[PDB]
Amino acid sequence: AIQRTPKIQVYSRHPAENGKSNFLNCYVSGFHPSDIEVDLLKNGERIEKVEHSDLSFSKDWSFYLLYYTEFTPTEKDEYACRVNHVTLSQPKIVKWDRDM
Amino acid sequence: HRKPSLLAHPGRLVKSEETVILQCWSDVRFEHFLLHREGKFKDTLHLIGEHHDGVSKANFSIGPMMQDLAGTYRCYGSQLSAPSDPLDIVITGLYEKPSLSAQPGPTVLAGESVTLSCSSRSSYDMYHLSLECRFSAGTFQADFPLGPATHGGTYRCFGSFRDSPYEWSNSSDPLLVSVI
Amino acid sequence: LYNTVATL
Amino acid sequence: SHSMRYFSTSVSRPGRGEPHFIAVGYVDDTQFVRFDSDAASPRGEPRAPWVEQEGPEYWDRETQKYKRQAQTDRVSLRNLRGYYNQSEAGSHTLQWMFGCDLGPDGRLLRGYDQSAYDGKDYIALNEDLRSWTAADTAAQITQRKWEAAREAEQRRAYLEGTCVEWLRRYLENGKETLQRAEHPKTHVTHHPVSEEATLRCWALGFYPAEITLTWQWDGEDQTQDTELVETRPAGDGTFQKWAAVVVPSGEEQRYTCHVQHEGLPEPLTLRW
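Chains as they are written, first to last, in this note's numbering: chain L, 1 to 100; chain W, 1 to 180; chain P, 1 to 8; chain Z, 1 to 272.
In case anyone wonders, no lab produced these hints; they're calculated from the structure. Accuracy of the hints is not assured; some may be wrong.
[Claimed, not checked] DEER-style ranges, computed between Cβ atoms:
| id | chain 1 | residue 1 | chain 2 | residue 2 | range |
| --- | --- | --- | --- | --- | --- |
| 1 | Z | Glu151 | L | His52 | 30 to 38 Å |
| 2 | Z | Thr212 | L | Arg82 | 30 to 38 Å |
| 3 | L | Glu17 | Z | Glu151 | 32 to 40 Å |
| 4 | Z | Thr133 | W | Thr44 | 18 to 26 Å |
| 5 | Z | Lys65 | W | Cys133 | 35 to 43 Å |
| 6 | W | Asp88 | L | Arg82 | 50 to 58 Å |
| 7 | L | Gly30 | Z | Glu88 | 26 to 34 Å |
| 8 | Z | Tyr58 | L | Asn18 | 43 to 51 Å |
| 9 | W | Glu112 | Z | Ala89 | 30 to 38 Å |
| 10 | Z | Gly17 | L | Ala16 | 51 to 59 Å |
| 11 | Z | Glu88 | W | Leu109 | 52 to 60 Å |
Note that CB positions come from ideal geometry on N, CA and C, so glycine has one too.
Work out the full structure: start from the sequences and follow the hints.
Dropping the structure here:
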């Protein structure tokens, strides 16, 4: 009866330094319903060994989740988060900025 | 073929989380029996037929009584046969008990009229009397006239809400009517 | 500790 | 000043099977339990070290309460369908949250208990722990059912004693981590714009999530031009945050960043 659009943040666990093991995070929050698909992309294609946290919700009854994976950042490699929700007219891709 | 018979052991009213036995039986030697229930959650169970001692039967056990098991049950013998007489199975003990009182008095004279009445402080939409009888509660109460007295007994009583007629309150304290 | 309650 | 909170969600999928039930538990900002009905062997699982040694008896009982409540929600979703005269082909959501709140002395402060249907308030226990507040005429049906069932007494009993005792026990078995703050690891980065510049205050690896980031200039709380992002989890129990500002080039050394956090003995001050 009510629907909310998700908020996305793409970041890493530890400060990014090329040639080092880190974790790539995609944090979606503030959405309703909880039916959502989030995908992590390395240079346009799908990553496959990706895990996510247990479903929870906030004070305003909106849900939040975190999708993460193992990865090694290397100079000429692009990363992005792709999420599709019933609220969005088309899938939204958000690119990783290592200064944000 | 012909419709079977359906009855409950020990009865229709089931305390919460207790069990009953809905037993179908007939003189026709059916191979299988089906049990169908109408209500919030519809189901259809089936069992193999037992043939011993002059009756063909099947014992359906509806255990840990919950709200999804309350409804109207019908029964079929195996194409299928005609449906058996309907039977309502009820959950009791989900709400606090009502008060049961006799307007003249619990002990009366033969020929005198007696009237029982069930009441509560909750918003029950109807009450039920057992010795069955049902009337709508408008202290929300319903009054039960029993007419000139003849053979009194023991009565109990339950309250319920109109959106869930198979879910009854707890049982009122039993009241004995003596006709001297 | 978790709790479980009545139905709506 | 600690708390224990639970979050449960039931989602119905017509034609896809039976509803999907998930529940999680928190002590302050630490998840410590989870249950998912879709798993191969549905059972409660520890997600913090201090509930890992509670014994098979403890964990079997939690599992059986989760399964019972997932079953209870299955009926509630059907009841709500009839209240609102909804058809049976749509997906609907039911949410529930409850918990304690302790003070410094370790005794109760206030309790919680509320529900929501399809993202809107439905019914909630009042702060007095004896009355209810119904959001619409459908919830008033649920109200007088619980009034006739003496249910508010049973909910007050949990929050006032059972919920207070076990949060205390959890707080002692895990005082090594629950009662020990982790200070943030701060640093400032310069990012050029064009002939102006941007200054970023970072803060990583802190717990709990309560923190304050403020930029300044020559001691004057300059906030208008301060970008700020939502506090985000790092993924290992800690959190992150950063604050940005834009500044004329050359004036960069006049701006200081101040951090307030529980794990710090006194507020910090940073310069580029």
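Hints and how they fare:
1. Z:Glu151 with L:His52: 30 to 38 Å: holds, 35 Å
2. Z:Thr212 with L:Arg82: 30 to 38 Å: Distance hint for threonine 212 of chain Z, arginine 82 of chain L holds at roughly 34 Å.
3. L:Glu17 with Z:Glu151: 32 to 40 Å: violated, 57 Å
4. Z:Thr133 with W:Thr44: 18 to 26 Å: violated, 41 Å
5. Z:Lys65 with W:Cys133: 35 to 43 Å: Distance hint for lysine 65 of chain Z, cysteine 133 of chain W holds at roughly 39 Å.
6. W:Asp88 with L:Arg82: 50 to 58 Å: holds, 54 Å
7. L:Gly30 with Z:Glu88: 26 to 34 Å: holds, 30 Å
8. Z:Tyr58 with L:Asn18: 43 to 51 Å: holds, 47 Å
9. W:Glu112 with Z:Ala89: 30 to 38 Å: violated, 58 Å
10. Z:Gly17 with L:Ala16: 51 to 59 Å: violated, 42 Å
11. Z:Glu88 with W:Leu109: 52 to 60 Å: Given range 52 to 60 Å: holds, Cβ gap about 57 Å.
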